[PDB]
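Here the structure comes first, spelled out in structure tokens, and everything after it is commentary.
Here's a slice of the assembly, chains where they normally sit.
Lettered A and B in written order, each chain numbered from 1.
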Amino acid sequence: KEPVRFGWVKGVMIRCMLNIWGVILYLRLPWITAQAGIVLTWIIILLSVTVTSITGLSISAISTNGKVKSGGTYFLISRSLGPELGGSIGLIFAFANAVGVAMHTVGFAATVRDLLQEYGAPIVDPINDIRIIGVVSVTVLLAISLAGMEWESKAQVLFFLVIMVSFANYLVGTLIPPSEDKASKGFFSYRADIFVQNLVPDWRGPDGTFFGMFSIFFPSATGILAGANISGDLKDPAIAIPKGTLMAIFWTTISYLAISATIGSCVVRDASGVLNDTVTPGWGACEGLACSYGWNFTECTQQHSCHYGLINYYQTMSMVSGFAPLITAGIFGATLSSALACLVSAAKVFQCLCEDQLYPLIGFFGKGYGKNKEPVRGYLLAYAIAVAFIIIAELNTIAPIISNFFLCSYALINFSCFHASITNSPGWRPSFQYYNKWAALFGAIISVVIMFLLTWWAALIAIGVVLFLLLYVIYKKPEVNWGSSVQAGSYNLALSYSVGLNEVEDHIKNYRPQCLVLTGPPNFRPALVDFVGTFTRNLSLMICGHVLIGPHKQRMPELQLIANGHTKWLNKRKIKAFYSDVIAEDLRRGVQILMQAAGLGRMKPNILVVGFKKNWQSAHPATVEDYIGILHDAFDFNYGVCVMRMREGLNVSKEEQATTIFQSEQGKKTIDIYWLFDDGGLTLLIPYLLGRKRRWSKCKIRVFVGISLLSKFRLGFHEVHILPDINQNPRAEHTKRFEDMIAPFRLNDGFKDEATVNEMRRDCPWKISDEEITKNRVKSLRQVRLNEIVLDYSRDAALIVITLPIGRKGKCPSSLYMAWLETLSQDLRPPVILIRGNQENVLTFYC
Amino acid sequence: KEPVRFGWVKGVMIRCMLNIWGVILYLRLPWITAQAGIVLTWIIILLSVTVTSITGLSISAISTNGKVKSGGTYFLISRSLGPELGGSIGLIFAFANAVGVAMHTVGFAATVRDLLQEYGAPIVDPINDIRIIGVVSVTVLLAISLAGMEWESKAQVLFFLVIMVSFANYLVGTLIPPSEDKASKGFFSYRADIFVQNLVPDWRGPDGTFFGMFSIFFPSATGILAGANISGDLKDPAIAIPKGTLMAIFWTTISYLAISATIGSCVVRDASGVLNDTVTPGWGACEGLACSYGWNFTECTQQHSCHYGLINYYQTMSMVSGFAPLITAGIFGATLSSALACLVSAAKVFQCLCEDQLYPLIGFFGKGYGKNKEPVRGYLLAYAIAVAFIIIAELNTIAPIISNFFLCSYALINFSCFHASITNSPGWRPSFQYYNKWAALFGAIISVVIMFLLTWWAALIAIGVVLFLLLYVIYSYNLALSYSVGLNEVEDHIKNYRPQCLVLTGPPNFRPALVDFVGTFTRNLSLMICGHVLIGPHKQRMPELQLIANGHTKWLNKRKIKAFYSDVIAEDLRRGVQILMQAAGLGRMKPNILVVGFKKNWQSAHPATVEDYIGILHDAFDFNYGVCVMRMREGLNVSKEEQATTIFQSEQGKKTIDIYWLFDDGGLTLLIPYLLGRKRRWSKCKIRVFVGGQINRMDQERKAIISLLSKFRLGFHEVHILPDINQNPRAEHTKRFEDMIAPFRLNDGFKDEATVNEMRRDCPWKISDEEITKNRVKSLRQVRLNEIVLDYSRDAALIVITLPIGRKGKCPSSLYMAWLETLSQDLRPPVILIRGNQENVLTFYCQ
């Protein structure tokens, strides 16, 4: 009792041929032959099937790259292009099918109306018949659709047999020698003179032009997607869709080519239809080929007023036939089958669009009833939308809008095969190899050129609705991840441009501040993220380091989940930063690994920004040694450093995004820069880049000095000063404050040999000897003295930037250098940044 | 010197006044009022000014968001929608102004010519007099404009005064009681019955339509951006622009309403113009309303043959007014002010474009004289375009094309505001009270509707020129970085898996075979990095080190290998390869495969080096990496002009690729050869897959494997089966294995694990006897599988065997190296030993 699955004949080919075949076979193809001649009609047919052949190749390539499921064509396009461009146009495909149901039931109601009028009495006026008949027949179609998916197939094969009987009837009729009723109306069976005369065009009327015939034929060679829209009922779609679609195209094209060339070799363009017009001996000389076959249509031809023949009578194909009502049965089948195919297609596509929740308020229609989970709620919606348009009943102006909703799907079926094939992601590997990448682009271009040629003001409606529904999904971010070629183009393009940096040398004219930020977990201290993402956005690189302190190195896959949870926090704050974490047994070695290996070619960090050890007085003195060693390692690797201190600390750990002070307008405060060393120009470059943004543009920056030097860079610097007095004894309380803060790090050895001091300094290298204290007294006094000047001139600034001191390695221990760093920036309101470049010409240009 | 600035009255409001004032105020509002009445002319005016006031709200919300130079009107489009649309729209907006200069100048030349022909004689042809006067006038306007922006701002206040004296002239003329001549043309003073008559439409002529009057008025109400194009010369652009711009619109629309409603109460719609219509009693009755004042106007009213009146005479204001030449003066001012305002706005935008760094299309025009900071080379471009279009003198067929350029600008400005406000862009945050994004979206929709309502074929040329420019400009560091940060939002799917590699290549010119092999399947597909570890104690980053790194990059680029280069410093090789695995890369472009060479001389090297060589693979497996080990007969190292040539640089031909797929590793062992065969040198190579299985299920398993490889779409040719995989090898091959595991054998009897560790702590690479006995079958399997491989794959182009992995702590590093040596010896072709990380890299599905 498993649900029934279909083969390729009964499931794809029959459905596609029934959909393609319409009424233009029976009521307009002979007239097109009469107008344009045989040769130009064949050219119209071939130009028309080129587009739908290229689209068949594209949709055959798409559906042989995986396992196709119960979604139809929306499934293919959306899983090969993405939710934006797939869900924008899976909603107009499903609507255009629902209204094509109505526009194929109207064409059957008109035929029944004509049949009833010319036999007896009609029901009502000749427009409300179109309503009664159409509404009653769309209901039997709905009952067939709801009755199961194995009764739809029986109806389709019945319609197919009816159409083939029609073809046989016509082709038998064109061979019987003509009768009097038929030869008077123009039909003289196959002749060479009536075929040669009828090759050349003979245009007559307002719409008798080449483009006026193309515009009639082309929308009837379309509809090739019907059998691909039941992907969820086929045994193996990856082998059933490419065969069915392409053989349906081939065989319907052969049918179109045979009908025209056969009708145009038997029927003459002008004929009168009066049995008295048989030729009379001695009636001078007459007009036309029909004079040889013994008929006389001179008067008609001349006065231009005869009502029969290939170019005047629309049912020429019904009188050539051996029996007339069989052609009417063929016309019934050719319309009912297309209506049923559209009704099934719309409700299969809409259910899949409603299960993938991209749009609001339409979930209700995705429920599946019964064992095959048929869309019972989608059939009723397509039924309501079809009845609403049947009641309008004059759809001569709504047809161009709908026929352009279907050429906009043709342009995205062809863009899906062009994009997937030029992106070339490992993983796109289709079984169907008989397609091209440039033909699939020509198809996408020409389906829009044709869209505009057919009707300029309906192409606009199509494209406008496509844009509206595209932008809704773009602004909604529906969080679905199906492998898509747009997702695979981002990597292609990132790699393509990143490699291209290798072709450019290292120069002095392209310095950029590329910084490595030691944040730990980014949300534990977002102030660093904000400060650094202010001045480096859209200009250079920014990496957020993180060291996972611990004895086991093993990248179990759990780690990737945490890393992706930290990489989305930075994507939500709209920070343009990378995230990188490493494993090491202590923080110094993790930082050293990040400094050695991170980056990619020429895009690698050259500045190290790190917070400040707020708790260095309480923590075990083994941590201070490694903290200072980090800065020493940065200076050894030829980096530049920045130490950032805030009064309240940076670690906020001790949902919603937290807010810091670097996200807000500063005002008309000042940025104070204490330029004490010609480090190269980083100390002056960080505030110049920072203050040029909107939030800091209303501040004036006042560089101090320990005039023509600052001029040549064109840094736009406001004030220049001279520090009052840097080397004098400060107040005794400040000196004792420095002296007692460092005392718990003192060795108390009087004065001894340096080796002897090292003998007990080996176990604790952070101990300070009295000789080291004595021989670095002036510098310590300078550090304690400059704090008072900073307190004076910068009580109420918005940012203070001071030159960073360097302790002589070996002769300056860790605790004393850390005390210096503590004593240049204690008790200050603003953020304080201590910078020192790496002796490189930085200001050699603007940035 | 001191740069000149302007307030809001003289800098924004006056400019927008004079830009909006046109000839329509003088020559066509009386006609429109007669043709459509008062109450419906008011509707036209209000509907027209709604669009311009919504765009004014948008353009004044942009000005309270930062500060912009002159002509940065497009800078928001290029910030919100990319600097391609922005640049193209800026170029079109400047060109349209440059042509508007020509249109206003010829409109002034027509008036002066028609005045001159009356009071004198025309020296030359009517058409050429236009081409002389227009060129002279544009030259004089350029001379005024190019000589400072203080003189232009004085001329454009003289124009304001001339217009305001004409308003007073007209309004004092309407109050004087009519003269005998003036009443003979239609003028009677303000009176109620004429006002009541004229409240309702009276359509006459081929243009008497509501839309026929809208299409004439609406393009005469735009010009509100004349004050926002000089935001760089304003004193306070965030308070001056929103107020001046929005008050100018109000004060011009009040004037339009006042003039229409005050001339509608004043004249009659038609009048004879002859003085001999004195009315006397006796001749019938009077047919009209003018007879109540003593004038017979029946001669025209029945025959439609009078040349005066409100609906027939275009120059009614010249006679209603108390003095005629002042209205001519008003027209002169109203035209020259518009021409000047269009000439300065074109220069500002062209200069901003030529100075733009993100749009070089037209950045090479000329050298500009910035001594007085004038846009000289933005003035000489507008002057040339204006003079060309004046000489052409074809206008009325180019007016709609250029009226739609401005509406394209309006639509994209409003949509850029909406887009930046809906996507919460970080940097769009205006401070303007009355700004709503839904109004800024209605403005865009309406600006696009009106384009196609006014002239449909000129809105398809305006759009088709934006797309020509946009697609012509689309087709190093700033692109490498903006695309790498864009990868952070895409998620990872199994369909887009890329094999990124870390090649342990040393100096890339000691083993070119490794780089040649790995740069074959990763070319244009995925990341490749050439690692190098410099063994030495802690070493200073040095200038020479970067010189060496540049030399190796140059060598790589000369060979046209598309790879990155990276080197680290470490105490030994293993501890540096860990650094490279942990930190190399950038974001989502980080390696996940490790490629090494074969330790060719492990037999004779110091057995502590094989410990580290195997530890490298152990660490790779610890980090979730895939491993490839490559072997050649003659070794990889070639150190033992022209670059060296390997066998991977030549066409392989018809030989085969043999994949001994023995264990399921997720499919990397199948996906490396597939990508290798996607390239031109390996595309003619047959691929054979050998799998192991039983002897009673040869077919049952062969069909299953063929079915599996067909759902992956890989396209491999044969599938063989190996049933003799568990036999014993030949005796003299087992002996060859066991004599090689001898120097590494512990010979400890059979002791507990503690006793083994006792003598294995110093050397951990030796093999206990228990580990010899428990690894007997696993080892003879390698010995026999080598026999099978050498049996089948004697003359292939590439052999691929799945790599065994030994349990950490149950396989000493000499046993595992012995297995690796056994699997691949005595073979001619290159041998690759792949082993993925047990995660799927291949998929059946598409979702």
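Just so we're on the same page, a residue touches a chain if its C-beta (ideal position, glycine included) is under 8 Å from a C-beta of that chain, and two chains touch if they have at least 3 such contacts.
Here 2 copies of the chain are placed, and the complete complex recorded in this file has 3 of them.
Rule of thumb we're sticking to: only the chains that are shown with their structure count from here on.
Chain A and chain B have CA centres that are 14 Å apart. Against chain B, the residues of chain A that register as touching in their complex are 64-69, 79-80, 424-431, 456-457, 460, 475, 481-484, 487-488, 490-491, 493-506, 510, 512, 538, 540-541, 543, 553-557, 567, 570-571, 574, 576, 578-580, 582-583, 593-594, 596-603, 636-638, 694, 697.
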